[PDB]
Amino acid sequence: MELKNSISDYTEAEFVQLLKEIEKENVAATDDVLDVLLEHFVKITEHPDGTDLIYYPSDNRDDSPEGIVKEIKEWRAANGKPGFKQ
């Protein structure tokens, strides 16, 4: 599994791959890896809504991997924090 130190080390596609890994662990028999992926996701995005970005997408936004990416990108830009790698 890929786990990078911060949002800026990920390209959008690589971040989408972390989100697919999380999608895969949602149907895992156990939660061991899922909790690790979810803890990591929260630590690195630093988004106020945490895992809600995944389970409770806003009604005005695309409930999809790229949709989460967009959400993060915008929040970080509005706050003057480094975004995704190019």
The other form holds:
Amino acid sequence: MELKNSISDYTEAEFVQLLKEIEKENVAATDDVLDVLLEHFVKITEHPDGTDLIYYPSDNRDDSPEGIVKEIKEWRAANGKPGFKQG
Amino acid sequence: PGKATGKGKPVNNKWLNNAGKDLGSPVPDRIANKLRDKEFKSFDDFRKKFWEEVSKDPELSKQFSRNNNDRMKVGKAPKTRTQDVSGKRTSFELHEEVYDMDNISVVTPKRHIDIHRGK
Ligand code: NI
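Alternative state: the form deposited with its partner chain bound, after the form solved without its partner chain:
Time for the whole complex; same chain goes first.
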């Protein structure tokens, strides 16, 4: 879909769509497209563990698109970074 | 092009925990039993079947996230933790010490580079 330049451009729902796009490419024959989407994910989230949020989720949260958004929302807020768009 | 042979080794609930050390993780005995005597057109073909069998083994699949199980289900190697990556190499690799499973091990890209560079 459309890749926005920052988290502030994404509503939580739109971020979830990006996560399901990544899930679809996980099952594609190659990782060519997947890897670009993952680079984008790492770049806009700014979380130090990057792709681990998707592939190695912490046991204290759910391993699902909703859990990933929630973890990102709490981490960004905790580090004083702008959150998801409210639209 | 050849057949898969070997017995593999028993593994616990933390199979790939040491994939980043020494020679990495061994082919699980249960997986070896599924692949033994089967014929493969190529190594890549063997590798896809290998990961697919891992996704079908309840004891092994429970050790991976949903996203990683989907990758293995279509025969792709699971992604490693960010810290074990090496440039564009971001998923576990099979290292070889026709397809002898007792000579094949699962390693992270980082550890795999070192093995071949004498480290
Ligand atoms: Ni090797």
